[PDB]
Every structure is written in C-alpha cells, then in structure tokens.
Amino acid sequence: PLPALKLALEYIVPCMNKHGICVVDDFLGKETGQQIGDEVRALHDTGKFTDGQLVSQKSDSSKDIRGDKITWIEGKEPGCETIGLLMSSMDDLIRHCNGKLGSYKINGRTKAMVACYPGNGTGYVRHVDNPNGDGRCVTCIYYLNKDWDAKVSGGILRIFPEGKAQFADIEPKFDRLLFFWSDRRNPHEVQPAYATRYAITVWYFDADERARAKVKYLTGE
C-alpha cells in the first residue's frame, strides 16, 4: 500500500496535470469497500435517496437529464462512518497534493453525494460538472459495484478530455477511485446502467473561484 504522500505526489499530481483524469484502483481494499457498500445499500433500503437535481432547474424534468437518486453525507452520521473514512482518505490525498494541482488552491469540498442509478437503462446525459465557475475544481468518485460486468450492465463513465485523440472510458469498478478536473475540459456522461450502480462523489473547491461563486449567489446573480 502506497502512503498518501507518494500516491499524491508521484502519481495523482502528474497524472492530473498531464491528462486531467487519474484512476487509482484498489484504493481501500475489499473489506473496507464492502463495508461502504453495505452502508450505501442501507441508505438505499431505508428510502434516503431522492432524485438527483441540477444547478439550474428549468422546464424539463430532472429525470430527463440524470436518472440517479442521491443523498448527501457528511461522514459522521450513524451508520455512515465508513463513508466518512472514505471521505477522510480522499481529503488526505488532496491535502498531500494541495498546491500542485494546476494553479488551484483547494480549501474545501462538498459533502459526499451517494448516488444510485437503479438499473432500468438510467444514466446521465452529456454534461460538465462545473461549466460556469461555481468553485468546483476536482471531481472525486469512488465506485463500489462488486461483480459489475460493463459489457452487459453498461454504466460506463465516458469522459471526453479536451484536446485528446481518445476518450476515456471508466468502468464503475469496485474499489476504484477517480479524479478529474470538474470544468469544461472534461465533459462526460454516464451511459445507461442495466443493473443497480452505486458511486460516491465529492467535489473539491478552489478557494478564489468558490469565494466568487458565493458572492454571486449571495447578491442574487
């Protein structure tokens, strides 16, 4: 197992700066990944998930755009402590990278979005996570689908990194951690899922961009 310092500086940082996408497989190991899976399944079973929403809701149903159901987790809720461990581990990696990811100064993040595509061909249309400057600079996703066969069950995250001659197809594999720049460099989509698909996302904020975004929100722009 690589320490956070080496994984951040010798792998995540150069991969993010060269490609804008970075995959770390077998991030937490099978035992912890299974416990996270159980916590997510209990959120699902107890009706905590609600339809995923969009930054700007207009005339169309949210379900025309994203077919997932989600809840937000801080990591200290009863029954969510292993999700909290995951979040702490993501945070430790970012802290060890901080200052070397582009020109960003990362001060904070969202709560964790625990999301489920409930099979049935649901997915997420082509989108950019942060197209207009809301502060988000890095998207971090942890996948927890044991026994996923994407050739049958679909659910690939396809990213279209700007300037590259190939797309990036990310299978939502158990215990996989993914980072990518949240801005318009990385439009992406979740292809239809034909089995229940779970993932946990946090977004990290750039300090200056997030402060500007909060100013715009608080002044009504």
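Positions refer to the first chain, counted from 1. In this text, rigid core is short for the largest set of C-alphas that superpose within 1.5 Å between two forms. First, how it differs from the form deposited in another entry.
- Just a single entry of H44, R184, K173, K63 exceeds or equals a 2 Å CA shift between the two forms, which is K63 (rigid core superposed).
- In the core-superposed comparison between the two forms, the C-alpha atom of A195 has shifted by less than 2 angstroms.
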Second form
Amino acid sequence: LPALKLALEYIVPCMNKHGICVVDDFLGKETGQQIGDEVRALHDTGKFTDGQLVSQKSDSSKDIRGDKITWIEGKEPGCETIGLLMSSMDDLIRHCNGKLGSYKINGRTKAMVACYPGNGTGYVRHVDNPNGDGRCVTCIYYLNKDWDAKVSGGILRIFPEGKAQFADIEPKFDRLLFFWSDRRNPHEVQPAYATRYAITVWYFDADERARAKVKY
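For comparison with the form deposited in one PDB entry, would you give the structure of this protein in the form deposited in another entry?
Partners and other molecules have been left off, which leaves just the chain.
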C-alpha cells in the first residue's frame, strides 16, 4: 500500500482514536530480512553497548545487564537498509502532518537500535517523554521472525492513560508501531528469553521542541 493511503485511511484515524497503532508487513520479507542482517551485523561486530546495568552486585563479574543499544544515522556503511526504513517512516509521517492531533512534526531523532539479549531482562514501566522534551510520537520497527511470546516473552505492554485494560504487542517481524510518547502511554517490555531486536525513532512536535529549548 502507498504510504499516503496507509497514513490517511488508517494511521491518522487510528492515532486520533487510540494513540496506539500497529502496521504488519511494513516493508516486506526481503527488506525486513536485509534490515535484520544489518542489525545482526552491528551486534556481531561489537557495535552495541554492553547493556543497561540491571543488577550491580557487590562483585562485578556477576553483574546483570539488559538491553544493548546503538545509534544509527542511516547513511553509515552497512546500515543503508536501516536508513531506508527511516526514510519509509519519515515519508509516512509527512503524509500525516496536520492530522496527527494538533501536532506539527518538524524533525526526529536518529534511530536507536535496541537488543534485549534474552537473559530474562526487560524494561521497567516508563513514559518515553514525561517532561515535555519535544518528542510527541514514538515509532518502533521489529525484526523478530517467528517470535512467540508464550515461549520467548518480550511482550510490549502499554497502559493507555485512562482505560483500565492494557495492550500487549508482540515484537513480530516486519511490524511497525506508533504511539504517543507522552504520559498517555506508560509502557514496559516484559522479560525476554530470546534475542529481541527493535529500531526506534522519535518524532518532534515543532512547538513543544521550540519551548523545550528554553526550559532545557
């Protein structure tokens, strides 16, 4: 489907009504696989950090670390398909401008590739942008083939601001996700028992970002 059709007939209305939207088979198998290879290459070549310090025991040899990350601009050699993913995300956002709430997106962060090693670590409940730093939309792309939460866990659980119920999102291969970055979407990553890859990009609202500068 053309970016515009997907955006106008689904993303725009979905976001305004739910603020949490999922798009499966975003780029297709071939492209998704190539991205998976680039991300795996980054890992195998030691480009990721050692992982978030989860448990710092008296002894450091036994320390437990979680999600590993690496920032990608999208033009570096070996990550061009990722840059392509980022472009696809952008073209999609552009077709939504003026329709995603009253926000006016004028920029984004670089891509943050994250890898949960599968040692039972997850990510505590949190809000991406709780202090109004400009980020209005969180965009996540998953690259995990044949991922079964019942077996590997790693489920993304979001707790919509008012609703009681929460939404469980599986980090399925070639899946794209959109959700408001503010306090309306507190979320967390349940313990992952298998290698879990995801690529995140945050979009900035023009006004919020402009005055964020003031307050720093």
